[PDB]
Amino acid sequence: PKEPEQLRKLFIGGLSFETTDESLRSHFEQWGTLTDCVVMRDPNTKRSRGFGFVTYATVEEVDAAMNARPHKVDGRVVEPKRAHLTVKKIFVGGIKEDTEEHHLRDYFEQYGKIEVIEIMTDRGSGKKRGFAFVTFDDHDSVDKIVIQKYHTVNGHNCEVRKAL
């Protein structure tokens, strides 16, 4: 059973106008099997619109491609993103009063490199409010996190969404 195609696609922005379907494919086939690979072009001039997309056979291949950034394609560093609200911070809710920094770190560090963990406390009492923010060094960590159906941290089923 195949993962949904939408989860296997990478939008590639910032292309060289000389990049073709063929040269984009030759580049990104290094990290997996490509079932689709298109450069977007003007319908009348055929001049590149400077972006395109590739579809891999599996999500693990998408991961491999994202972990191989930066990608220099036909001499230009391009900008791949999963199928955009491009942020590096998440809101994590439902962690109650017993969840600590190391719980959040041990779980979320496997999505990306963590720069800040902020466990929210009440301004008046100092009691934990039951939510936190995690800031990563890169947006793909967040993009991987928010497409999961479930997040279990410290036994709690958590609500996770993009923050600012």
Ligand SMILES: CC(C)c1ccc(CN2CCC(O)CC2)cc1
Given for the second form:
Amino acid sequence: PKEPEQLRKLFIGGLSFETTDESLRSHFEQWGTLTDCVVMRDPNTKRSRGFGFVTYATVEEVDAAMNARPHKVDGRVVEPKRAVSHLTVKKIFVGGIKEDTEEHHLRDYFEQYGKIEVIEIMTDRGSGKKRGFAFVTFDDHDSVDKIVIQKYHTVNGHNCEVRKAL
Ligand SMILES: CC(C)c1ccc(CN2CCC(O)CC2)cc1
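Form deposited without this ligand done, so how does the form deposited with this ligand bound look?
Entire complex below, previous chain first.
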């Protein structure tokens, strides 16, 4: 069974207006099989709108392409992003971690999604007791995008609610 097509797409902004279906494809085929590759254009002038998308055969290929950023395509650094259910943020809210979850639990789990810069385990302003949620800040938005499309996150035995923050 193939992963849903929506999860295999990269939406690419910042294209050179000279980039074509063919040159976008030749670039991004370096990181996987492309089942689709389109540059968006004006319907009357055919002038590029400056963005397009590609569709890989697997999610691992999307990962490979995203790990190969920055992408310079036809002389211009472009901006690829995956689809989320774009709100481009580097921080997540992690809820449901109760009082026994520590920083290393969150680090050990989330470090495989991306490079962590901040872990903030939330505590009560009056008592100092843990409140049962945390925020994790990464150095880049793709980590967050990968995280929030998962159906499940289990951290320290807890089923966690994870969403984009601010
Ligand atoms: C499916 C197709 C319509 C599509 C839509 C949107 C993008 C990316 N989007 C994000 C940044 C904006 O400034 C414009 C580009 C790429 C492709």
